[PDB]
Amino acid sequence: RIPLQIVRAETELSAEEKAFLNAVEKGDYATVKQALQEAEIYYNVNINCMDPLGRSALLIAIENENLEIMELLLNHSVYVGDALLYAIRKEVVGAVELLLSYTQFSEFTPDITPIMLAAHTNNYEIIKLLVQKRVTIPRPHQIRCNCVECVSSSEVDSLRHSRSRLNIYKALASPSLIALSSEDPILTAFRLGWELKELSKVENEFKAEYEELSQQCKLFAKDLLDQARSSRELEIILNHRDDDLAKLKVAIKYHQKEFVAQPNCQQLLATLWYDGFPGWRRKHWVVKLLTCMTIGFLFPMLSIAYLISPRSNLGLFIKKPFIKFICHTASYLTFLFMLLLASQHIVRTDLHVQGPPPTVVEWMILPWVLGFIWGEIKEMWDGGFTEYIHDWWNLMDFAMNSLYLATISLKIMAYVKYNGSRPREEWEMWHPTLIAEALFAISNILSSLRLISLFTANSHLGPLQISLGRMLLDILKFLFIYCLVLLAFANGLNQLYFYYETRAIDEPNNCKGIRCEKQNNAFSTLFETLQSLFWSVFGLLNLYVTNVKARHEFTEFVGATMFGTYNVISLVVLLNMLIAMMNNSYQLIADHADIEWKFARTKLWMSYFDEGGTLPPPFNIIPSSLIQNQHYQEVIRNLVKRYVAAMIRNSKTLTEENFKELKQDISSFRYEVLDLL
Amino acid sequence: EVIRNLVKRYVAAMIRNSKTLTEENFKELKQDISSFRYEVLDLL
Amino acid sequence: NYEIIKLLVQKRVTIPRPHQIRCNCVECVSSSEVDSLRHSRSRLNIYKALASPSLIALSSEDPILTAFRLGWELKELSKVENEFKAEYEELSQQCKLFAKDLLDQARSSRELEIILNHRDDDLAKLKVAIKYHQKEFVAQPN
Amino acid sequence: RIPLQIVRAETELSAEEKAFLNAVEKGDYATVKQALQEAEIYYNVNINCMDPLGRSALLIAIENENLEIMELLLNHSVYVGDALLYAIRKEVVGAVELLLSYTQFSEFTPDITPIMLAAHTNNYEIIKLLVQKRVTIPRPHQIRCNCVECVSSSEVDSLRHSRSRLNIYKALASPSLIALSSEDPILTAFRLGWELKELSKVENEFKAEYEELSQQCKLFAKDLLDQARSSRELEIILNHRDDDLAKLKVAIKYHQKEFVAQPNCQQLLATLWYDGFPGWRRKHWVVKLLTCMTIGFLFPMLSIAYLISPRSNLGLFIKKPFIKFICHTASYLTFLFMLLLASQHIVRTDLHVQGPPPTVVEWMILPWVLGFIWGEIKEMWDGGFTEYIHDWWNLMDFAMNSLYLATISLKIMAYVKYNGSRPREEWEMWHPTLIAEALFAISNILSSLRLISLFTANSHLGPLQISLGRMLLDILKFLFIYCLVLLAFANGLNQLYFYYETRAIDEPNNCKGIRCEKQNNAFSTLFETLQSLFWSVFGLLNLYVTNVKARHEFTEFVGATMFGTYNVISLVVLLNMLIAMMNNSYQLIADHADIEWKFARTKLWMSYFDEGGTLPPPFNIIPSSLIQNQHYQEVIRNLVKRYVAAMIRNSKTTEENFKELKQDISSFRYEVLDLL
Amino acid sequence: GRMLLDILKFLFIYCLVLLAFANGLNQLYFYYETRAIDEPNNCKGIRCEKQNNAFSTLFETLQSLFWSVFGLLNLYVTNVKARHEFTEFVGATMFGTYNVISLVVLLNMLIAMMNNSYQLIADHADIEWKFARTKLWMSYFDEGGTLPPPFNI
Amino acid sequence: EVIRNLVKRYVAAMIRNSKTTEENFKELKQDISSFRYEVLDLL
Ligand SMILES: Cn1c(=O)n(CCCO)c(=O)c2c1nc(Oc1ccc(/N=N/c3ccccc3)c(Cl)c1)n2Cc1ccc(Cl)cc1
Ligand SMILES: Cn1c(=O)n(CCCO)c(=O)c2c1nc(Oc1ccc(/N=N/c3ccccc3)c(Cl)c1)n2Cc1ccc(Cl)cc1
Ligand SMILES: Cn1c(=O)n(CCCO)c(=O)c2c1nc(Oc1ccc(/N=N/c3ccccc3)c(Cl)c1)n2Cc1ccc(Cl)cc1
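Chains as they are written, first to last, in UniProt numbering: chain A, 17 to 118, 134 to 274, 286 to 666, 706 to 734, 738 to 761; chain B, 715 to 734, 738 to 761; chain C, 154 to 274, 286 to 306; chain D, 17 to 118, 134 to 274, 286 to 666, 706 to 734, 739 to 761; chain E, 511 to 663; chain F, 715 to 734, 739 to 761.
Do not take every clue at face value.
So the derived label-pair ranges between C-beta atoms look like this [what the hints assert, rightly or not]:
1) F:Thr-739 <-> A:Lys-519: 42 to 48 angstroms
2) C:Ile-174 <-> D:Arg-718: 34 to 40 angstroms
3) D:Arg-324 <-> A:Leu-617: 41 to 47 angstroms
4) A:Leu-617 <-> D:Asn-461: 56 to 62 angstroms
5) A:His-297 <-> F:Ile-729: 46 to 52 angstroms
6) D:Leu-761 <-> A:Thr-739: 54 to 60 angstroms
7) C:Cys-181 <-> E:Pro-659: 51 to 57 angstroms
To give an idea of the interface, some chain C residues facing chain A are shown, with a C-beta separation under 8 angstroms as derived from the structure [said to hold, decoys possible]:
8) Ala-259
9) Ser-261
10) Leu-265
11) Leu-269
12) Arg-272
13) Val-302
14) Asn-306
Hints were generated in silico from the structure; no laboratory data involved. The beta carbon of each residue, even a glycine, is placed where N, CA and C say it ideally should be.
Kindly produce the complete structure, drawing on both the sequences and the hints.
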């Protein structure tokens with residue numbers, strides 16, 4: 017037996033007052049009209065009867081969109097508090113226009144203003160109605176501001192301060208409002224969406240809300256570009272400078299990947315990319331291969347012509363984007379081929395010469411190594427240090443070029459110090475000629491791996507190269523946990539085995555460590571222990587490394603159980619988890635694979651449009706308006722007109741509330757007919 | 715006092731969400750029109 | 154339906170109180186032995202009514218403690234009355250959502266402080293939320 | 017400039033008739049009255065107009081459910097053929113009842144009859160109207176009918192014959208038509224669902240449709256059990272014998299898994315399973331663990347008491363299913379423990395004793411061994427051969443007793459023939475004692491693996507064990523491809539290396555093969571080549587087995603390339619492909635894991651319900706009416722009403742619906758305007 | 511952490527499989543045990559430079575079947591001094607069947623299960639992490655326990 | 715001859731399938751509103 021009773025008692029409503037609410041819904045005017053006329057002198061009933069749910073006299077009329085009755089109650093001087101907000105949310109234009117012709136529980140927070148609520152709805156007609164009468168929106172402060180006004184508000188009421196800012200940005204990011212009161216709608220969406228994404232990181236509490244707003248600004252700019260009907264319209268939009287392809291460049295700066303990947307925008311770029319060959323798309327796959335191979339071979343010939351006679355017909359040939367890409371790639375391809383040839387041409391007798399002179403291959407490589415450094419150095423100035431770090435591929439080019447300078451320094455330095463030939467077996471561990479060779483070989487791996495960035499140009503391999511690269515970030519997080527486990531077990535195993543370290547003189551072949559034919563001293567030092575646990579991930583550490591010379595059966599068993607537990611945690615738990623998180627991340631990435639690849643290829647293409655850097659690495663070392710704005714505003718006017726019509730149609734292409745309205749309309753008509761004679 | 719306000723705000727929101738179509742609703746519209754027709758025909 | 158529940162509750166009404174999760178009450182053993190499938194159904198019917206957000210917001214002294222305690226108890230029934238695990242689990246999710254949605258209507262930092270610092274007999289109410297495993301309530305952005 | 021024209025032209029419609037067809041949509045009595053009254057005896061025009069899209073006078077009224085214009089048009093003696101089918105499909109009860117009392136283009140195939148179409152729509156009301164009048168449905172022949180009519184009909188028109196059978200089965204599987212006119216709605220749904228499942232296999236071209244019909248029958252029976260409101264009603268349903287728990291036994295036979303897994307049916311079963319322990323569900327986990335150990339450790343006492351005093355108080359405990367289950371499990375564990383004690387007890391001196399006598403452990407274990415054979419023999423005899431093969435675990439049990447028999451026989455032979463003690467190192471390859479020890483050890487693995495079948499009794503292990511068994515069928519299919527790959531590469535590698543075989547005496551330690559410290563002769567014979575390629579999957583074959591004594595560099599390189607290509611196909615392609623197949627398979631199985639596991643546990647529980655076979659194997663061998710139908714029919718009637726009422730309301734909770746509302750207002754507008 | 515709970519359920523199946531094959535291999539090889547003195551360097555077991563007596567005792571057999579999961583047990587441990595070809599072949603087939611059931615079947619099924627779990631878990635990761643972080647933060651709100659261990663006393 | 719019958723069956727089936739929103743709601747509301755004006759102005 018659990019008795020149930022109203023706990024938070026609320027003042028009840030009289031029977032006659034209750035009939036009024038039915039009277040308000042009744043559809044008759046006299047019953048209310050008599051009450052209001054009698055109420056003025058009688059004082060029997062207050063006109064603004066307050067139902068427990070808070071639907072006062074005005075609100076009940078607005079709910080069903082009854083303008084006739086709404087005006088009936090309106091003229092009697094009934095309460096006019098916050099009824100405009102209820103009308104705006106309802107979206108009944110008639111009620112809003114009529115209303116505009118002028134505790135307290137509310138369903139709206141105190142910061143909501145009529146214009147802000149209208150923008151949240153995205154109703155073009157209602158927003159325009161309120162804009163015609165002068166209105167304003169408060170300007171949001173900067174993301175990172177120590178303003179005295181901003182600081183106090185956060186301290187006084189943190190909850191209200193956060194909600195207010197979100198409400199303001201929802202209004203500002205409304206597509207209908209931007210299309211109405213924005214001078215340059217495309218630029219506004221770019222800036223607004225970028226700012227909304229920055230707030231998605233600082234305001235971590237409501238990151239989901241700000242990302243939804245950011246995505247809605249991105250889609251509006253793309254949808255405005257979808258309305259272009261002619262190639263002239265597209266070119267005017269894409270070449271506009273606020274104060286070539288200037289607007290497209292701004293989109294890349296703000297990461298408008300959907301805007302860039304638009305098919306009509308992509309198709310225009312391909313016309314500039316393939317300038318030399320008008321009918322590239324129609325050509326067969328086999329014919330393309332010969333054409334690309336043919337052009338690459340003449341790359342030295344095309345490059346020289348530009349150097350000597352830039353205005354020559356042949357000289358201008360290397361000025362086209364796609365052909366320049368082939369000439370730059372062909373040059374880099376012969377550099378890599380030469381490195382593969384470095385071993386063959388060397389002679390055995392030179393194996394004993396300390397600090398020899400450069401070889402034939404080294405001489406050939408020399409011009410390009412300098413050219414690579416010069417190219418990277420020049421690129422640093424334009425983009426700045428901050429930009430230079432954004433691209434990982436650019437980071438790799440840094441390591442390869444630094445190592446080449448070190449190889450040159452040591453090779454020359456060894457030339458000065460040493461003069462004769464000595465047996466290489468007698469050289470010290472840190473001989474300059476030995477260190478130089480190691481650094482050169484490390485550069486060769488980096489140089490060859492750099493070729494993978496060229497997969498962006500190809501359409502079959504580009505999307506996969508982009509998807510594989512985006513899986514690496516998730517691998518990086520998983521590497522944090524593995525390092526913790528690797529260090530914990532390395533400390534334990536070294537702590538137990540360092541008592542039994544032996545000397546190389548006592549080992550079978552004078553070899554100490556795990557790189558010997560008979561492995562030993564696997565856990566003698568911490569540096570060796572980390573190496574041993576790394577090599578066990580691939581099964582390259584033998585199980586007899588757990589025995590000690592003096593057979594201590596307890597110590598050997600404990601050490602082997604440490605090794606066994608590490609193997610389970612690594613190869614049966616951690617490795618399998620990384621597979622599962624890889625599978626999850628891949629599935630999400632595939633949805634955006636096409637757009638992400640098209641954004642990457644656009645950057646690759648636009649990097650070949652400018653004249654600077656036309657000569658490949660080997661040859662770049664040789665020493666020898707109001708009218709424009711007027712046309713933009715005309716296309717923008719037509720673009721917005723088509724967008725407004727299209728969305729209105731899309732909306733009308738359902739709900740219980742709609743069912744109620746139809747039911748009331750029949751009842752409203754029914755009452756008049758019966759009363760009507 | 716605060717719990718009173720939270721309940722009132724919560725109650726109002728859910729009612730709006732509830733009214734925001739099943740087959741049975743279609744029958745009601747048909748029935749409403751049917752009743753109107755009969756009275757008017759009988760009505761002079 | 155809030156309106157109909159209030160209409161009946163105005164007229165003095167009652168709902169039977171369910172016996173604890175484990176009870177050897179003589180009525181309890183007799184009912185289960187005499188007719189199972191009716192003892193089990195009646196128990197689920199009473200808990201569905203008590204887990205109603207409208208019946209909790211109205212006629213409950215502390216709507217948020219009721220939701221915490223009720224939701225926790227329904228999860229316990231889910232493990233024991235394993236024959237009808239899903240039904241109890243769905244009811245438990247209902248109570249957790251109602252408490253979080255109640256906290257979603259706070260409009261000032263003052264209101265939030267009063268709710269989360271209330272001691273039924286600092287952050288006392290939040291400590292009760294952690295003890296009952298009210299994760300959505302604790303994870304609310306405000 | 018493609019020119020577009022009406023390639024397949026049809027006779028046009030006269031202007032006056034176009035308004036009429038619109039008029040028949042309008043609801044104008046005058047034009048129809050004047051038309052026929054102007055044409056019935058003038059003969060100027062035929063009122064049975066045919067719209068180009070197939071619509072006619074009767075159809076247009078039916079579409080909007082306008083009975084008056086429909087009723088108005090019928091009395092004029094207009095054409096009626098196939099009107100009932102359109103009315104039935106529309107599901108307008110008034111239209112149908114109006115038609116019952118009085134090559135062309137049709138939207139229905141010629142085999143469809145009014146009763147079949149009504150059943151396809153599952154409209155309870157319209158079906159009852161037709162059944163009240165005498166109607167019939169042709170009986171579908173068996174799946175494999177050499178009947179002349181079926182043989183002839185299939186040859187004449189296979190397309191028509193196949194569609195006729197499917198149409199008849201869609202009607203016979205209608206829940207409304209089973210709840211009405213079926214003596215036993217639950218039994219009919221069981222048999223129909225099983226037959227439809229078999230039909231799916233035979234007619235491979237229409238497996239999807241027959242599966243859907245089979246699944247719909249299974250749901251109907253489960254929903255009738257959902258309408259039970261008391262425990263008394265539930266027991267009547269599940270214990271009915273058409274001519286204990288007999289009805290539930292029929293459900294297990296037909297694989298009605300959802301029926302058996304219904305929470306109320308499962309609750310009643312748990313009460314019979316936990317007889318001794320009324321409050322097992324509420325008990326703590328620790329007390330639960332302690333309780334079973336007590337029963338397990340007392341099974342020899344419980345078992346003996348049953349034999350001496352079956353009717354005494356201590357004898358009834360081993361009769362309770364859950365206690366009996368614990369007694370059998372404890373007995374099987376002591377046998378397994380004795381198996382692990384065989385190695386420790388043996389003595390060194392006995393090593394060289396050819397054909398020894400049974401040891402202490404073999405004496406203790408022997409009672410179990412005979413019991414296991416006796417138990418499996420009895421189950422096979424009564425169960426039947428076909429039932430035995432259904433369970434995979436049954437196959438493993440048969441092999442376990444086969445090996446245990448061979449071990450006993452061989453040791454018996456060894457004792458009789460061999461007399462003295464000789465060193466083991468001098469024994470031949472196939473000495474009887476050596477074979478007996480090998481066969482005994484193989485059985486031990488099977489005996490321990492048999493324990494996995496007891497996971498079904500556990501609520502945290504059973505669902506996983508059931509999921510694992512289903513992934514095994516996906517693995518089996520992938521094995522066919524691997525075997526062909528393994529055989530193809532084995533033949534190629536052996537065909538290149540059999541010229542360089544060497545003798546064992548010419549090897550380092552006189553060891554030949556891949557199980558020596560220095561592996562050799564890895565591809566000298568086909569039998570060895572298969573082993574080498576198998577052990578390569580686990581990385582246990584070293585790369586130096588590709589070299590030959592006479593250094594033929596070309597031959598060695600080609601052999602190592604065969605080995606490398608086999609490695610890529612096996613460990614990079616096929617193995618990774620098996621992971622992808624399994625990952626998808628687990629997703630599908632996981633959804634139905636709960637129902638599948640509950641069905642498996644029910645068969646286990648019902649295994650311990652029977653009075654026979656209570657004694658565990660160690661002691662398995664030792665010296666020495707019309708009223709029932711009436712109650713079932715009353716309960717079935719109540720269930721049907723609740724089901725029909727629920728579905729009628731549940732159904733009532739499109740473009741055509743929009744037109745009906747639009748038409749209703751327009752009709753009101755026209756009459757009102759005409760009305761003064 | 512939430513994935514570890516599903517791995518534990520897999521250990522039950524693997525443990526019983528590991529015990530069934532360890533029992534069989536030990537039951538077949540225990541007649542051919544040798545003494546450490548008779549072995550090359552006086553070392554006995556599978557941790558020696560030349561592994562031996564892999565299946566001589568039950569305790570050692572369990573360790574050998576564990577180390578074969580990681581490929582660290584050589585295949586010649588299936589031979590005996592008195593070369594009984596039938597016995598050696600049966601022991602190698604026991605070892606082979608264990609490898610198939612473990613590394614081809616059981617290990618793959620564990621990958622399939624862990625894949626299903628991660629998808630289900632990922633939907634509530636944010637809520638569960640925030641619950642965990644709240645408990646961590648509240649532990650530092652109390653005045654007690656302020657001093658770290660080294661100054662705790 | 716067979717193609718003629720196949721096309722006829724297909725056209726009927728798709729039409730039936732097709733007929734089985740806010741724009742629809744607006745159209746329905748117009749009928750009642752227009753009807754009321756005629757009745758109000760009807761003699
Ligand atoms: C990590 N580990 C290892 O290092 N070495 C190498 C030792 C030096 O050679 C081993 O030889 C070894 C090992 N782990 C092994 O199996 C298991 C298998 C399952 C287990 N728990 N399951 C659950 C616990 C809680 C809930 C559910 C399941 C534990 Cl705990 C161990 N074995 C084989 C083994 C060896 C000897 C004996 Cl007596 C028993 C087993
Ligand atoms: C099967 N195989 C093998 O048995 N041995 C052992 C030989 C005896 O020791 C090897 O040493 C070996 C090998 N397979 C190797 O790599 C590749 C990698 C990719 C390849 N195609 N990709 C594409 C074809 C068409 C479209 C796209 C991709 C082919 Cl074809 C081979 N290598 C290493 C290697 C060795 C020498 C040279 Cl020159 C090159 C590579
Ligand atoms: C477990 N196992 C093993 O231990 N050793 C080591 C022996 C001692 O060194 C092996 O050498 C070995 C092995 N398993 C092997 O392949 C298969 C492959 C598939 C199979 N069935 N598929 C299906 C059955 C029914 C339905 C569908 C598929 C069977 Cl049955 C065996 N092989 C290689 C091999 C060796 C000799 C001959 Cl004659 C044939 C094959």
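Each hint tested on the structure:
no. : hint                                        : verdict
1   : F:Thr-739 <-> A:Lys-519: 42 to 48 angstroms : holds (46 angstroms)
2   : C:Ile-174 <-> D:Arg-718: 34 to 40 angstroms : holds (38 angstroms)
3   : D:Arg-324 <-> A:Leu-617: 41 to 47 angstroms : holds (43 angstroms)
4   : A:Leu-617 <-> D:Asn-461: 56 to 62 angstroms : holds (59 angstroms)
5   : A:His-297 <-> F:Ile-729: 46 to 52 angstroms : holds (48 angstroms)
6   : D:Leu-761 <-> A:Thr-739: 54 to 60 angstroms : violated (40 angstroms)
7   : C:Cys-181 <-> E:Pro-659: 51 to 57 angstroms : holds (52 angstroms)
8   : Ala-259                                     : holds (7 angstroms)
9   : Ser-261                                     : holds (6 angstroms)
10  : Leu-265                                     : holds (6 angstroms)
11  : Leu-269                                     : violated (12 angstroms)
12  : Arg-272                                     : violated (20 angstroms)
13  : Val-302                                     : violated (14 angstroms)
14  : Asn-306                                     : holds (6 angstroms)
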